[PDB]
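**Q** Spelled out, the chains give:
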Amino acid sequence: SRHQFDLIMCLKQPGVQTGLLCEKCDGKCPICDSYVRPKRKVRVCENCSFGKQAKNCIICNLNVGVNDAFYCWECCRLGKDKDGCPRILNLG
Amino acid sequence: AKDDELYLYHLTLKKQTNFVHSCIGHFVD
Amino acid sequence: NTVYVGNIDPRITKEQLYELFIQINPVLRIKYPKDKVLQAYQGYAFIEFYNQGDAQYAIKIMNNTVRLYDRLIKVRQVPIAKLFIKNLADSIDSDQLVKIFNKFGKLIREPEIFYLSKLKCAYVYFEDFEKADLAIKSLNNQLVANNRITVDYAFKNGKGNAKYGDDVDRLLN
Amino acid sequence: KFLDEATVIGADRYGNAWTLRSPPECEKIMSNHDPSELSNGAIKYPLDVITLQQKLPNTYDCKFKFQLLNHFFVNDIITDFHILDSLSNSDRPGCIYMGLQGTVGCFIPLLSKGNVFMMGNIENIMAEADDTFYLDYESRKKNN
Amino acid sequence: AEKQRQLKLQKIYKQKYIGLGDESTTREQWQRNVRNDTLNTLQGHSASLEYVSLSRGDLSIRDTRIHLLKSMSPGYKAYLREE
Amino acid sequence: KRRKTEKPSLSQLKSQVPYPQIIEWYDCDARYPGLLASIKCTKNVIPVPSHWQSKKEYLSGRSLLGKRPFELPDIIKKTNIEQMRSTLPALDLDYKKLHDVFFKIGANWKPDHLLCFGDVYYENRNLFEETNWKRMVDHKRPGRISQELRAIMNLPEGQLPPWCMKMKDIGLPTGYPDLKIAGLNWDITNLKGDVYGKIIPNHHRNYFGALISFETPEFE
RNA sequence: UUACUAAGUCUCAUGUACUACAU
RNA sequence: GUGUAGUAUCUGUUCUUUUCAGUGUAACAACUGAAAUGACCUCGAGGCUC
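Protein chains in written order, with full-length UniProt numbering: chain A, 2 to 93; chain B, 53 to 81; chain C, 9 to 86, 106 to 144, 147 to 185, 187 to 203; chain D, 1122 to 1265; chain E, 2 to 84; chain F, 125 to 213, 239 to 353, 361 to 376.
Just so you know, these hints were derived from the structure itself, not from any lab.
Be aware that one or more of the hints could be misleading.
[Unchecked claim] Calculated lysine-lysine pairs in the DSSO-like style (CA-CA distance at most 30 Å, straight line):
| hint | chain 1 | residue 1 | chain 2 | residue 2 |
| --- | --- | --- | --- | --- |
| 1 | F | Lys-191 | F | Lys-138 |
| 2 | D | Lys-1186 | F | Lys-283 |
| 3 | D | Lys-1262 | A | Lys-53 |
| 4 | A | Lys-56 | A | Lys-83 |
| 5 | D | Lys-1165 | F | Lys-347 |
| 6 | C | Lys-68 | F | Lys-347 |
| 7 | C | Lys-68 | D | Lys-1165 |
| 8 | F | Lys-179 | E | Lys-4 |
| 9 | C | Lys-166 | C | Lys-147 |
| 10 | A | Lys-83 | E | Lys-17 |
| 11 | D | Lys-1122 | B | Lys-54 |
| 12 | F | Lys-259 | D | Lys-1176 |
[Said to hold, decoys possible] Per label pair, the in silico range of CB-to-CB distance:
| hint | chain 1 | residue 1 | chain 2 | residue 2 | range |
| --- | --- | --- | --- | --- | --- |
| 13 | F | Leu-264 | E | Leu-21 | 29 to 35 Å |
| 14 | E | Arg-57 | D | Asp-1155 | 43 to 49 Å |
| 15 | D | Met-1247 | B | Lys-66 | 43 to 49 Å |
Note that the Cβ used here is the ideal one computed from N, Cα and C, for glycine as well.
All chains should be built: construct the whole structure from the sequences, respecting the hints.
**A** Here is the structure:
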């Protein structure tokens, strides 16, 4: 993540699925963790969804998220939107 | 002081004519 | 191009110098030092013009002209053969050395008499490596004033190398 | 091509349509001096220019630089620019270009300001308009 | 830790985007990336592809496109030499 | 070892270069020196800032001790909040005032210094003195002397500078052929105040983008 | 008329801030 | 107004085996290995010295 360093990402070709984030993490752009003017919903590779792990918050990787994560307009222009599958594999 | 700052308005009068792709489907009825 | 200026009051500032000399010519650059031991101005500056024409012009018109803080402002514009000679006689005067080496070559400066060990030695400056070779060829291991003198190149290790003939030839040119 | 004395139109092999302008520091010098003194003779350049000559001789060799004035990208490769004092008697002189892959387009200088202010606001609208539709469609899904 | 992550992201970005100069990269390795991307865009834009087709004067345009594709590999020079 | 001793001389490298004076002694150990000379000496490239090879972390500067904390841009200083809130060791303001300062008053406003294409800021540099310098090359012109430098010079009003007499024998400044000075080439009765002379130019648009009107967005 | 650059490493002391941790 | 552990930053101080070779370095630095003993000449320098 932008702040916590040891957090590792996925970075695969995103699928059709949309990543979920919990109400606790709601509002953060999964890359920069910004609250401003979100744009496009996150898309994750199928390898990050499958079973129960699909329900996890793509940000904090623990809680079960209801909400969809959106990229901000700064990351959508920086292109990090399309970089790959954001997810946090290690808890940190 | 007057700012030069030329403000240009781009228009495409006639649109690019070299046809690079095609498809055979039936789209609208 | 660049002119030295001196006898400046530390109260004279950079903008004051600029406004002063722009009256004379256009000023490309001004280096006006600021002491790191007095935290002010050390009272002399350097004004780089756009050419030595305006530089020399400002030297002519500006010198002994402007009076700043009652003090006058001053303006001023901003490699040879050497032979060591050992065992000279005590009766050998420097002018006598001049006479001896003039026949071989023109001297760019005067000889330097010094004592080693008791041992009277001198440095003789020739304008030409070849004339130096002449004074060497004729005067090496010779008896003058009933004393045997040795004439060779002075150390820098000693002069007379291969690059030395090449570059000294050019400095002659 | 030239729009003017001090400005230039140019295209790219890669499709950029740009226009450059000489800096006023250069325009003052050439307006106030004869060209014969440029190559040899006395032309007094501000301190910064010379320091850019000894500091960066490769870039500043020509002792001035074009400040970017207009830049644009038309995905075609522009063959011919022509500057027309009037297009069908219109007051604002335009510049029309034909591209290689074929196209003809124009750059109209906008008089006043609120012309380019209103135009700029409309372009800003249509720019993210797809995102505005997506955020409305998102909020209605939050309510439903 | 942070730099150590930058190493892994160096491996991933290098894998996806092919040539990315890391610290020491030979001029042969990097210039190859230059040639590959330049040719890539020349053939990639139908625009510049149409352009190179005429300026080169080939009989067909796809000759220029597949030419650039072939020109991406180093051995294509010797290949032309053997024709 | 052998590769370290295999290196060509920097002067051998100069000949390959169209602008040889940029190349430096450390370019000898460039792993690809013939290439690095071409890149570094290419037209528009801007050489690396030289604060590398110093261990001072780019700022040890003694000059950094004497840098001013900050100065408001005069247009913003017009807004008077300087007096309303004392930053040095509540103030009700008008929306129209502030908005107009940025837009109505300050639309055409731009910082005076900025920097150029290849300007790079080295540690010892301070832009402010060069700002007063550029502004000063603007205000000050020959033939005019401020009252301060005039008082220091001890030149009373109505009297010509001391270099006008030596300029009578030597002649006009070679750098200023068009310069005029009272009493010599120029009318002494036009001598006024701080100006004893002026350059007389012998030389005697719309730029396709002339807006012909300026209208800023209104807050109300 | 002086044409603009010095501290570094070690050692044993002094100057000053600070970070977890306990009453 | 205290104690436990620990950190950073000044300043003072001072110059570590004379050399060689390797690593290392942008070059340094730093690191890694070994070790001359004797005689002579001129003004710490120098030796196609033995």
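**Q** Against each hint, give a clear statement of whether it holds in the structure.
**A** Going through the hints against the structure:
1. For the given pair, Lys-191 of chain F sits about 40 Å from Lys-138 of chain F by alpha-carbon distance, which is inconsistent with the 30 Å threshold.
2. Between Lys-1186 of chain D and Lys-283 of chain F the alpha-carbon distance is near 18 Å, which keeps this suggested pair within the 30 Å criterion.
3. The straight-line distance between the Cα atoms of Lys-1262 of chain D and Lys-53 of chain A is roughly 24 Å, inside the 30 Å bound, and the hint therefore holds.
4. With a C-alpha separation of about 22 Å, the suggested pair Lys-56 of chain A and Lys-83 of chain A falls inside the 30 Å cut-off, and the hint holds.
5. Proximity of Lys-1165 of chain D to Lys-347 of chain F is assessed by CA-CA distance (about 17 Å); at most 30 Å being required, the pair is judged to hold.
6. As the CA atoms of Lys-68 of chain C and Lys-347 of chain F are separated by approximately 22 Å, the hinted pair is consistent with the 30 Å bound.
7. Proximity of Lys-68 of chain C to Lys-1165 of chain D is assessed by CA-CA distance (about 21 Å); at most 30 Å being required, the pair is judged to hold.
8. Proposed proximity of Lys-179 of chain F and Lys-4 of chain E is supported: the alpha carbons are some 21 Å apart, at most 30 Å.
9. For a cut-off of 30 Å, the pair hint linking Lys-166 of chain C to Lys-147 of chain C stands: about 26 Å separates their Cα positions.
10. At most 30 Å may separate the alpha-carbon atoms for a hinted pair to count; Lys-83 of chain A and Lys-17 of chain E meet this at roughly 12 Å.
11. Distance check on the hinted pair: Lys-1122 of chain D and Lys-54 of chain B sit about 24 Å apart at the alpha-carbon level, within 30 Å; holds.
12. Among the hinted pairs, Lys-259 of chain F with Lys-1176 of chain D is consistent with the structure: their alpha-carbon atoms are about 26 Å apart, no more than 30 Å.
13. Taking 29 to 35 Å as the suggested C-beta distance range, the pair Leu-264 of chain F and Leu-21 of chain E conforms, at roughly 30 Å.
14. Under the hint 43 to 49 Å, the C-beta atoms of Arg-57 of chain E and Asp-1155 of chain D, about 46 Å apart, fit the expected range.
15. Checked against the hint of 43 to 49 Å, the C-beta distance between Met-1247 of chain D and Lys-66 of chain B comes to roughly 22 Å, which is inconsistent with it.
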